[PDB]
Amino acid sequence: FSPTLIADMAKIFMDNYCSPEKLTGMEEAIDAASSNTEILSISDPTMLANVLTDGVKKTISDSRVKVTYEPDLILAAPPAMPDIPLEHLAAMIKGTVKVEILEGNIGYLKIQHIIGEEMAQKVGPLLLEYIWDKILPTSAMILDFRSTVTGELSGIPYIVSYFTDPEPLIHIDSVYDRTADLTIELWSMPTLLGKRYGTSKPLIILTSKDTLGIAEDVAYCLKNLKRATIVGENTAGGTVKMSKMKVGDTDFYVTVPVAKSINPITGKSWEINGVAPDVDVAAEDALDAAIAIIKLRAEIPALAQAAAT
Amino acid sequence: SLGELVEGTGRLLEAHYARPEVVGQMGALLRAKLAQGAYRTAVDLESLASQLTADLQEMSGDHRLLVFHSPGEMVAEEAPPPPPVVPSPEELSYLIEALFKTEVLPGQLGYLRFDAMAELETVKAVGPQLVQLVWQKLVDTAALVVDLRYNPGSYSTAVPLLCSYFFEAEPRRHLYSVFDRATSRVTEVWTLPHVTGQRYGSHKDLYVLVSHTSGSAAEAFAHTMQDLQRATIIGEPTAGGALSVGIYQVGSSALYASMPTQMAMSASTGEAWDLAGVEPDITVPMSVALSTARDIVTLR
Amino acid sequence: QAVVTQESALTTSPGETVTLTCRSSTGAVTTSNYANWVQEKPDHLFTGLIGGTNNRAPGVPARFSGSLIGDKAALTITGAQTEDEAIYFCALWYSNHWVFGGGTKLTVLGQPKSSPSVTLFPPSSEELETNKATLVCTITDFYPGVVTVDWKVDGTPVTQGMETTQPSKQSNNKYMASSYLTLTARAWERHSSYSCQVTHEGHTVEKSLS
Amino acid sequence: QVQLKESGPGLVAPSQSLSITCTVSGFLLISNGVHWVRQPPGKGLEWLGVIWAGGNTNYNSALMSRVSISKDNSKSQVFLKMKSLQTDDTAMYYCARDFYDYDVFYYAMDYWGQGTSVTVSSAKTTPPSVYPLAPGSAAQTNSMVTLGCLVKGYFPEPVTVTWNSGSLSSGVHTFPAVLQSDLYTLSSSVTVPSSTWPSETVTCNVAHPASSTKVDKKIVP
Amino acid sequence: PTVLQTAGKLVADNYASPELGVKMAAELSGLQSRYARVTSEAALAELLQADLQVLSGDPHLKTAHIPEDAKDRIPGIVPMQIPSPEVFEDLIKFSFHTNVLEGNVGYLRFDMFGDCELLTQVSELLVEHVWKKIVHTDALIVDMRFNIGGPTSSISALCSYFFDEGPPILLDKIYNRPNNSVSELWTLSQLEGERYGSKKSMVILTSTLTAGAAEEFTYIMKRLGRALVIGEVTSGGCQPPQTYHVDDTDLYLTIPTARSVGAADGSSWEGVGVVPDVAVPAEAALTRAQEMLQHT
Amino acid sequence: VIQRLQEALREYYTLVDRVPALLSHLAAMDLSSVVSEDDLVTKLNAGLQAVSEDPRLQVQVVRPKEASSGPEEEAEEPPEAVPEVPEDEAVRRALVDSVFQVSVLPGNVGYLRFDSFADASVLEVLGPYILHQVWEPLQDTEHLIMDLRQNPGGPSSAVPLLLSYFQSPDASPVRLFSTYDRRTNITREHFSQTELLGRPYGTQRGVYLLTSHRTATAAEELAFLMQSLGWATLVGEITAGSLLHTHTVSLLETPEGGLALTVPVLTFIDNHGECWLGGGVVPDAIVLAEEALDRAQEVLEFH
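Residue numbers (my numbering), protein chains in the order written: chain A, 20 to 328; chain B, 202 to 501; chain C, 111 to 320; chain D, 355 to 575; chain E, 107 to 402; chain F, 9 to 311.
The set of hints was computed from the structure by calculation and includes no laboratory data. Hints may be right or wrong, so weigh each one.
Said to hold, decoys possible - FRET-style restraints, in silico, Cβ to Cβ:
hint, chain 1, residue 1, chain 2, residue 2, range
1, C, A297, D, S419, 33 to 41 angstroms
2, B, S488, E, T112, 33 to 41 angstroms
3, D, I384, C, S281, 36 to 44 angstroms
Unchecked claim - No farther apart than 30 angstroms at their CA atoms in a straight line, the calculated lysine-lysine pairs in the DSS-like style are these:
hint, chain 1, residue 1, chain 2, residue 2
4, C, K215, D, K397
5, A, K214, A, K314
6, D, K568, C, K242
7, C, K284, D, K359
8, C, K215, C, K284
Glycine included, every Cβ here is placed at the ideal spot set by N, Cα and C.
Please work from the sequences and hints to get the whole structure.
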C-alpha cells in the first residue's frame, strides 16, 4: 500500500476531472487524507476504495467519481479486422436504422447509433437513396431516439445540419476534454451531400429514460435551437466521456468524468440530469402522441381560413 | 313608493323652484309618465332618481335641480371671520395683514390674495384697516392679479362692496338681479356710490385667478367681474357651490331633491347663471394661472 | 280552508229519491273541481261511483247520478235500494290537491230484521288460577247492528266490570258482537247465577248459568 | 286485473317514522299515478298525496313537511314515508289509482287498495294468554255444541285463530276485539255436532305475529 | 409707452395685407408692465418682435434697435456727366450672357432684370447684340439661376416677347400699402424687336438663390403655360420690404409693404418661391433643359 | 386540442366576428409550459376570456379520478309533456289548479307561484283553465308578486306568450329579444303576442318577480325579460345561470383525459340592444331567497 497510493490516485483525479474550477479545498483534503490514521489502518483494499470514494463525495458532490479495487480486470481490446469495404459498412448502418413513411405522409427514422464524421462522410453517399431520399418528401419528421444508447460526438453536426438553414453557421456545442486540455467545437456545415429538410416542416424527437449519450445532446441542441419538439420521457443523463484509470502498477482504478458539454445557448448541459421532454408521456406512447401533435397542427391553417371567411 | 316621491316632488317644485314659469309644463309631464306607463319600469330609489333626473333635465335644462340619495346632501356651511369674534383694539390691523396678502410683483403688477369672503358686517369693521393693507399699496400698480385659487368663499353680502372698488365712483352700476321664488324678491343689486379708501378704478387691467376649490361668494365675485367685462378670469372651472338652492328630503325614503330657489340674472348680459362653476376666459390648471396672467399682461 | 262539507246523516226507504250534497268552503263548486263520489261499504270497501261531477263509473247502477245543484255538487239516487245503505264521501280537486268531505251516512229503512243468537260461557278453571274470571257472551246473526246487553249477578244487575264490542258485519251481512264480564276468582265463587241479557229492537234474549 | 295492496309495519312509536308500500298489479306505474289516503278511527278520509306517472308529487299542505312519496317503476311499488308521528297518526292507510283518460278530461281515483292498519303507540308488544270456552251447561241443547277460545291480554292487533289447523271451517266466528288499558281481548267460537265432542278433539290454534307466538289449546269438557 | 404706439402706427399704416390685422389694435393697447420693465433696448426690440409673431404669423416683420445705422445713399453721377445710352448698353452687356448652344438652342443668362425706362431707352442699342442672335433658335433657355435683383416694371418686356400680341395679358397685380395703390402689369402689343412666337419651347432655369422679380417672371410664365421651370424651388422673396425709423429714435420697424396678387392663381411667388416643373440640382439644370428640349 | 378547438369555434361560436382575431392569437400562444389537461384548460380558458370576455365559452375536464363522467351538464329538465296531458276538462282544471298557486295577500297584493315552464304546445291545451286559476282571480289586485324561487324552468317556447299578459294588448307587438344562432343564421326577432287568452294583467300594475339560485332556464329568461323591458322589479338571489344557449363539444383527444368545451351557439340580444351572457339574472333588490317575499311587500308598502 503506502501513503504514496493516495497521492497517486489524487494526481490522476486532479489531472483529469472535467471541472477543475470546482476543486477548491481538494489539494488540502488530499494532504489530510494522507495522514489520516484511520485510512492508514485499513488493510482491506475494497474497504480502502469505498472509504476514499465516500470521502471525495463529501468534498466534491459528484457521484460519478469512484475509486475501485479491481484485480483480474481485463479490458476487451478492439477486435482484429481485415479491410472492411464501404459497401459492407453501409449494410451495417442499414441494420441500425428503421426508415418509414407513416400514414399521414410523416417521416420516421429510428436511429440506434449516432454515426461519426468519418463514417458519415465515407459511407453517407451509399445511404442517401436508402434513408434520406425516402423521407425528404414527407410533411413532418419523427426521429426516434427511444432506444439510442451509443454514438459519436462528431456525428452531431451531420444530424443538426440537415434540419437547419445553411446560413448563418450554428455553433451546436462546445465540449471540453480535461485529459487533452482541449475544447472541441461542433458547428453546422453549410454544404451537405443530401438536400436539407428545411426549417418549416415539424420535427419531433422521441425520447425514453434509456436514451443515453450523444443522442441526448442532439435532442438537447435541437430543442434549445427551437427546431424540434421533444416527446417522451426525460433521458438517462449520461456524460460525454468517463475514463476508468489504473493507478500505477496497482489494482486500484480511478473513475472520473473527463469531458463535458458546455452548451452555447443555455450554458448548461444535457449531462447528468438528461433532457426534459416538451410533451411528457410514457415512452411506449410517445410515437402515438407525436403523430397526434403533427396531425392537429397541420389541420390549423385550414381551420383558420374557414373561420376568417 | 313611486307616487310617494312624485306627489312630494310636484308640491316641492310648485312652491320653491326658481323658474315658476316652468311649473305648468312640469305638472303636465311628470304625471304623464305614470298614466302612459313609463313609471312601471322603476322599483328602486336609484331608478327613481335616475328616471326623474333624466326627465327633469329634458324639461328644464337646469343642472341645479336634481334628485339624489340623502348621503349626498351637501356638507356644511363655510366658517369665516364672524362679527362677534372681531377684536376691539386697533392692532386689528394685524388681522387684516394676515387676511389679505398684497405684493408688488416685478413690472409693477399688483398681487392681491385673500382666502375667504367675510360678511359685510365684518367688512364694515375692518374697512379702515383694509385701506392700508390693500387699497393704498396697489395704487401705484398698472395691472392687478386677484388670486382666488384658495378662496372657498362664504356669505355674498360684501360682494357688491368689493366689486365697487373696481368701478367708477359715480355710475350706479347694476350687478345682478336675484329672483327668489320662496318669496317675490326681484331685488336688483347695485354697486355702491362710495367706498372706504382708494378705488382701483375701472381702467387698470384686472386678472382673477380661479381653481376647482374656489367657492360660493368667490365664484360670485369672479363671475360678476367676468360678466361686467372688468376682468379676465384665469385658471380652472370653479367648484359650482353657490347658495342659490335648498334641499328637500323625501319623507319615508333615502332620497332628497336639491332645488334652486333663486335665479341669478346678470345685469349686463341678461343671462341667467345656472352655476355649476365659473368658466374661465383662459382655462389652465391652477398652478399655471399666475404664469398665464403674467403672459397676458406682457403681450397686451 | 278548502273545507268540504256534506250532510252527516240521511235516511230513506226503498224506491225513494235521496240527494246528497257537497259544499266547498271556498266558493261555488265548479266543473274544474271534478267532484268524485266514493262509496264505503262495511269493512273498508271503497268503490268509486261518479268522477268528474257526473260520470258514473261503468260498473255502477244506473240509479246513481251526479250534478251541480247551484253552488254545490250533488249525488242523486233515484229509487234507492237497501244495498245503497253506506257512507258516501265527496272529494273536490283544487288544482294541486284533493280534499275529501266528512261523508254522509245513508240509512235505507225496510231492511230485513234478524234476532240475535246468544251463547254464554263460564270462566275456565285455567283462568281462575290467575285470580280473574271472565264470562263471555257471544251474540251473532242479528240485524240491524245495535244491541243492548245487560248482565246480572245473582238476580242483581251488574253496573261495573263489563265490556261490549262494537257490532261487526259477518260475511252474510248480519252483525256480531261479544260482551265480557270480568270478575275476580273470589267473586266468581261467592255467587251462583249469571245472566247475559241482550236487547235487540224491543225484544230481550237472556242466557244464564250456575 | 287492477289491484293495489298496502303493507306496513302494524305498530310504530310516537315521534318515530312510518314507511308503507303499495304494490300494484294490472297496470304500470310508468303510465298511472297513485294516491295515498288515510282514515283515522271513527274519522272520514284524508288525502295525503299523489305521485304522477312522470314522477311529480303533490302533498296535502297540512302534512307537506312530514310526508314523502316515491316509487319503483320496475318494481310496481309506491312508498309513503311519514315522520314525527303522534298517536293521532293511527289510521287505515290506503293507496288508490289515479285516472283521467276519459271522454272529457277529469281526474278520478278509480280503483282502491284494501288498506293497512297502522297503530301509533308507545305500548309494548305482549303475547296472549289462551283459555278454552267450554259449555259448562253440558245439557244437550240440540245436535250441535258450540265451543270457543278466549284470547286475552295481547298488544298490538291482530291475532289469528284457527280450529284444528284450519280443518274446522264450520260456523267459525272470530269476534271483534275489546281494548282495555292497552291490552286487547277477543274470542273465537266453533259449532260442532254434539255426538262428536268430546269423543273427537277440538283444538284452537292462535298466532300472534307481533310476538312470533303460537299457542294451541285443546278444548275439553 | 409712446414708443409702442409710434411703432404700431408705422406697422399698421404700411403692412401689405391690412385685412389680416383683426386683433392687432387690441394687442397694441395691451401694454404690459413686463414690457415697461425692460430697460435694454435690444431686449425690448426682440420682445416686441416675438409678440408680433404670436399675433400676425408673418416672420418678415421685425422691430430692431440700430444706433449707428447709416444707409448708403445713391452715388453722385450727374455732377461728373450724364451717363450716355451707349455706356448704359455696355453695362447691360456685362449683366447678360447670350449664346446659341449645340442643337440650335438659345441661351440667355440674365443677372439683373432691367426696368421699363432702361428697356425703352437702351433696348434699341441691344437689339442686334442680344435678341437678333437668338431669334432664329428652335428653343430658348432663360437662365435665372443667379438672378437676385431686378425692377418690377421690366416684367412686361420679358413676357411680351414670348406671348401673342393679342389679347393683352394681365401679367400681375402688385399692391403697395404706403402708396395705397395697385400697380397693374400688362403685356405690350407693339414691341421694338420681333416676337419669339408661342410655338418654340421656353425653359426657365431656377436655383434656391433665384430671388425677387425673377421669381415673378418665372411664376407668371409657368402659370400662363408658356414656360417649363427646371431646377430648384426659388428663394421666396417679397416684392418690397421697407425698413422704417420710428420718429427721432434708433428703433426701426421692418415690414413687407407691397405684394403680388397673381391674376391666374390669386396667390404669389412670394415667401414660398416658385416650384420647378422638373426638379433637379441647380448645377444640373442646364443639362436637363437641353435633354428635355432635344427629346421633344 | 388546439386544432379541434379552432374548428369548433369557427363553426359554432355565437360571436362569429371574434373568430378572425381568435384564429390569430390562439396559435401564437406559448404552449411549452403546459403538459396536462388541467393546465391546457386553464391556459386556454385564461386566453379565451382575455380575448372574448364571454364566460359561457369554457373548456372543462371531467373529474380526473373518474374520467368517464365530468362537469359537462347534468340533464335537460322534465316538465309536463304534451303527450301526457289529460283529455277530461275536470282533470285539466285540477292539474292547472296544482301547477299554479294563486293567493290574494292582505292589502290586495296578488301572489302567483308556479315552479316550471312547460312547452307552448302544453300551455295551449291548458290555456282555458289558466284563465280560471290565474288571470281572472288576480284581476282585482293592484300589484302582483310572481314567485319563481322554486322554478327550474323548462322550454322557453311559451315565454313570449306569458310575457304578453303583462304588455299592451295592441298591435304592433313589442320586441322582446332577438336570437342569433350561429349554427345557422337565425337572427330571429321574438315579439309579444297581440292576443292572449283571458284577461291580461296589463302594463300598469306593479309586478315583482322573486328569484333564487335555483331559478333556471326559461324562468331566468322570463325574469330577465321582465327586468329588461322595465316591467317588473326583480327581487332575491342571483339565478342559476343555466340557459339553453350553448352546446358541449368533446375533445376526441383522450391524452387530454376527458376534456370538452362548452360553446355558446346563441346570442340573446334584448330590447335595449344588450347582449345577455347569462351566468344568472342579477336582481334589482338582492336579498337571500327566504327574504324576497318580505322585501317585495316592503317595496310595495313604501311606493
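So, going through the hints one by one against the coordinates:
| no. | hint | result |
| --- | --- | --- |
| 1 | C:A297 with D:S419: 33 to 41 angstroms | violated (53 angstroms) |
| 2 | B:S488 with E:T112: 33 to 41 angstroms | holds (38 angstroms) |
| 3 | D:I384 with C:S281: 36 to 44 angstroms | holds (38 angstroms) |
| 4 | C:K215 with D:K397 | holds (12 angstroms) |
| 5 | A:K214 with A:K314 | holds (24 angstroms) |
| 6 | D:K568 with C:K242 | holds (23 angstroms) |
| 7 | C:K284 with D:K359 | holds (27 angstroms) |
| 8 | C:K215 with C:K284 | holds (18 angstroms) |
Hint check: a violation occurs at hint 1 only; the rest are consistent with the structure.
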